Amino acid sequence: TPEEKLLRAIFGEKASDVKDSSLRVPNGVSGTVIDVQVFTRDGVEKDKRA
Amino acid sequence: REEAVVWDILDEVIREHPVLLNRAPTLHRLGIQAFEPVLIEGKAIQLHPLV
Amino acid sequence: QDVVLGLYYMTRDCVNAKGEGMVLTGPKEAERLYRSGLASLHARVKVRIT
Amino acid sequence: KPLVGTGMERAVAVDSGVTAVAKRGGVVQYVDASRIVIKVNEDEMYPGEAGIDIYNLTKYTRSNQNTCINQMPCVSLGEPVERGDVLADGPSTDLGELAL
Amino acid sequence: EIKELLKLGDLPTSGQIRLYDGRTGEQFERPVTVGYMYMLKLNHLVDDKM
Amino acid sequence: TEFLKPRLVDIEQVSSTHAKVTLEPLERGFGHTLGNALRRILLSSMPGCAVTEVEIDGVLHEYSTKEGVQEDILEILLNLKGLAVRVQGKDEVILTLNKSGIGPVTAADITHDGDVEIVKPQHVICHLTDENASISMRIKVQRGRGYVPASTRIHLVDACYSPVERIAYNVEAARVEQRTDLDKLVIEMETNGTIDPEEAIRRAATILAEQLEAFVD
Amino acid sequence: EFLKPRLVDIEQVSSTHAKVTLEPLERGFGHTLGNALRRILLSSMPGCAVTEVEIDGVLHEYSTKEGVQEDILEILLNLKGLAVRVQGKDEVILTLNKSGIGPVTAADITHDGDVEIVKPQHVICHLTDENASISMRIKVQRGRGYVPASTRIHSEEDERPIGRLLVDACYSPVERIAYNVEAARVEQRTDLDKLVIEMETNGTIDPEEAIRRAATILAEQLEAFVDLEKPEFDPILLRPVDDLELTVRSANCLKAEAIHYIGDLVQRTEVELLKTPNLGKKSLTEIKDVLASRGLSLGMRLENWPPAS
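Here the protein sequences come in this chain order: A, B, C, D, E, F and G.
Mind the numbering: the first sequence is residues 896 to 945 in the UniProt record's numbering, read in order.
Mind the numbering: the second sequence is residues 403 to 453 in the UniProt record's numbering, read in order.
Mind the numbering: the third sequence is residues 504 to 553 in the UniProt record's numbering, read in order.
Mind the numbering: the fourth sequence is residues 697 to 796 in the UniProt record's numbering, read in order.
Mind the numbering: the fifth sequence is residues 1194 to 1243 in the UniProt record's numbering, read in order.
Mind the numbering: the sixth sequence is residues 6 to 160, 172 to 233 in the UniProt record's numbering, read in order.
Mind the numbering: the seventh sequence is residues 7 to 234, 245 to 325 in the UniProt record's numbering, read in order.
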């Protein structure tokens, strides 16, 4: 919006075509990661870590 | 962020500001009673014995 | 429940107990007698009260 | 372990599969916090394939949300084991008994 | 049998002993029962309920 | 691994002879150890003098009646415990009650000696009935480091020495910043007026420090 | 007018515990002290408990090391109970190495000037295979009270060594303290009492030291007893320069040039920077971009940096 447009203008941030959906740890709960699994649809290229 | 300063602020907004406490089968009107909050470490509600 | 067990145990009297029979000016010094181990919580005693 | 008890606790630990019970008797060849290998005695051994019974212990893993189910070997290197003895306690089992 | 097993123990039959408040260090009138009870943690744990 | 000593100490003292003091923050557990011990000394061991014995001018015994006084002798003994005696360097003094008449003998009706100081002349000792109502006698005091009962004068007045009429210590939770739970210690005490509460404490725990002078470093 | 007490024979019985005694005790003071000392004895005393343990191939405490029958969690748990003592150091890292089939005790570590292993037989864990080897960095520090691993992470600040498994702090010499006042008849006095304080310990502290420091804190607390809205600059300016997430090369130059906070940086000028060692056009280009991204630039003059407390 107008005032939002000015806000990016002063502080010079490029507002992304992408929004953050990232999975983050629930509030207050804290622990150690003992494992990670990666499932992929058949045909999408598996990324590096996976 | 839970900056250290807010806890003191919470003590201000809490002071005179009752909260309603209620238990499961509300029967007579005493099933809901108002109390003045006292900040307590821990996840449990502490409840005056006489009540 | 606990509180009523306390007060009952508080005011109850046995037949013979430490401090039986003595006399005190007032409750202040009654507690002073008790806390010190001189007088039993329950013993028949005359004390001045107002 | 229960300090005061009844005597079913042995049966409960074993019958539930939480603990790991020896299939055949013999002597322990190898004990690791990971696996347990038992060298079978001949009376219990079948003629073909010879064999040793290898028990792969379960390690830290997910329960039907959210507990952890983890086994610890209760036996030591080179120990006599008889058929039907607890090789390892599961969660809430101590030496073959039921400890809740 | 319990009393007999308590006899081998060196511990009294009443199953009660003298106990002292860790605060004042004073004794407790009457013996209190002390012993070993098996106790469970049910899983209601509070940082679920809150 | 340095230690914790407290900060801010409100003393709200009712009247003069009565006081309730709060001291916070402490380290967890310390309010109770400091509190209790300070209570033990204050109660069971304190320097002070009140009454071990008084001769009876009326009779030779503790079981008897007087002429002109409705108070029983035990009543007067009661009153005796309540007389405030602060004696100077003089270790044991003795006074006289000389007075008579139609009205109660107060503490201003007692002779005034040199080293004797009574904090309340107003104190009511016993009444005085009609007419002449013969009364006066000699009173001997005594010192104690504690409270001395009646049966303890084994070779009679229960001797209440310790200026403390009452001592209680309330331990409540103290909040310091990122320190979760602490002890906030509130000492409430009444005195017989000889020494004010505030200093009785000071000395009360000064006794404590001196017993320890053999350990520190 | 009063009598002060003092100690007397302190009788050691086992390497663990001992019975100290305190004669010169007046009427009732046996209780006034004995509980007050138990109080300070059980809790606040100095102690050294193992804290951070970084082991070989172990990623987290929930895994299993091939070749050892103890779950890592259990080995961590065994360490919390390793009793040690240092002298002039407040934290030391001990290197434990051993291999081969057999028990690995606590005496197998590598000795240090302040290292005293009070229980050389204390079992760290077993070893189940001919060639199986465990190397470990064991960080022991000294402190007071109970500090569980949980409260240990607030400060953080690059605890990144994913290999470092924290354990819970056991700090305390005292195990069990009990006091009994039996009447001590010194040859002449009416009635005086004694104090038999029978204590119990992990072997890392001597009786006299304890009982002394106990009373030490006590009177030390009586000490007190005896007598009776305008922010100016932008808050972001006081954030450390590390918050800019510069290149390794660029970050070191600023610390090397005495530029530690954002406020210091916004003052320095373009001209000055190419003259500082290691910085060329390439390095400076990175810096100009990150500053514009937070609404800043170089060389702004502030007539009052910084204020004022």
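Hints are not guaranteed to be accurate.
Listed below are several chain E residues computed to face chain B (Cβ distance under 8 Å; list not exhaustive) [said to hold, decoys possible]:
no. : residue
1   : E1194
2   : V1239
3   : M1243
With a Cα cut of at most 20 Å, we get these calculated EDC-like pairs of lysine to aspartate or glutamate [stated by the list, open to error]:
no. : chain 1 : residue 1 : chain 2 : residue 2
4   : C       : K521      : E       : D1240
5   : C       : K531      : F       : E206
6   : F       : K200      : G       : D233
Note that these hints are calculated values from the structure, not bench results.
The beta-carbon is built from N, C-alpha and C at its ideal position, and this holds for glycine as well.
Original post:
Can you name, in rising order, the numbers of the hints this structure does not satisfy?
Top reply: 1, 4
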